[PDB]
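Okay, here we've got a single chain as structure tokens, the form deposited in one PDB entry, with questions on binding and movement later.
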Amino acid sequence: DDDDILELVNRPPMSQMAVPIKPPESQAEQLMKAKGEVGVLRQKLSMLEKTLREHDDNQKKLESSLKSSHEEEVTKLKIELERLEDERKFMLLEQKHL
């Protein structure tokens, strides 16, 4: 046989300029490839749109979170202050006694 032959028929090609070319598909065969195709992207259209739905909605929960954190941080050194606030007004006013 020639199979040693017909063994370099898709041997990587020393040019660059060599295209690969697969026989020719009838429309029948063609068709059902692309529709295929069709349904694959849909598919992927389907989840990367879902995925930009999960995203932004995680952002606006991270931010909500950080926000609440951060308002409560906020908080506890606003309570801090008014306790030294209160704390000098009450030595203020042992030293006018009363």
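Positions refer to the first chain, counted from 1. What changes on going to the form deposited in another entry:
Of the two rigid parts that shift between the two forms, one contains both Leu45 and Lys60.
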The other form holds:
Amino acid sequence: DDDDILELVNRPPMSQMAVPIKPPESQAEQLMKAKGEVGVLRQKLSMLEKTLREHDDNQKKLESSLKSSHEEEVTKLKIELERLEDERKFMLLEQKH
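Given the form deposited in one PDB entry above, what does the protein look like in the form deposited in another entry?
Single chain only below; no partners, no other molecules.
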């Protein structure tokens, strides 16, 4: 019947000196929470190691594809250069008087 008063428990205090205190937990409640947190953190760690390893494998794959795409472009231009070098050598060889 005092629910309207109890609603004010969590109303922000005007005093900055008023500090919230977490409701007391028994050793049994605290031990369960800690054990539960251990399991959750172990899951998160196992997952994040997998991710790091994948990102690492992906870095290696993307770099290899990058180097290979570059080498193709460099090869194209070198082939273009040799063609122009041969053109000039063909021009010197034939004699357009």
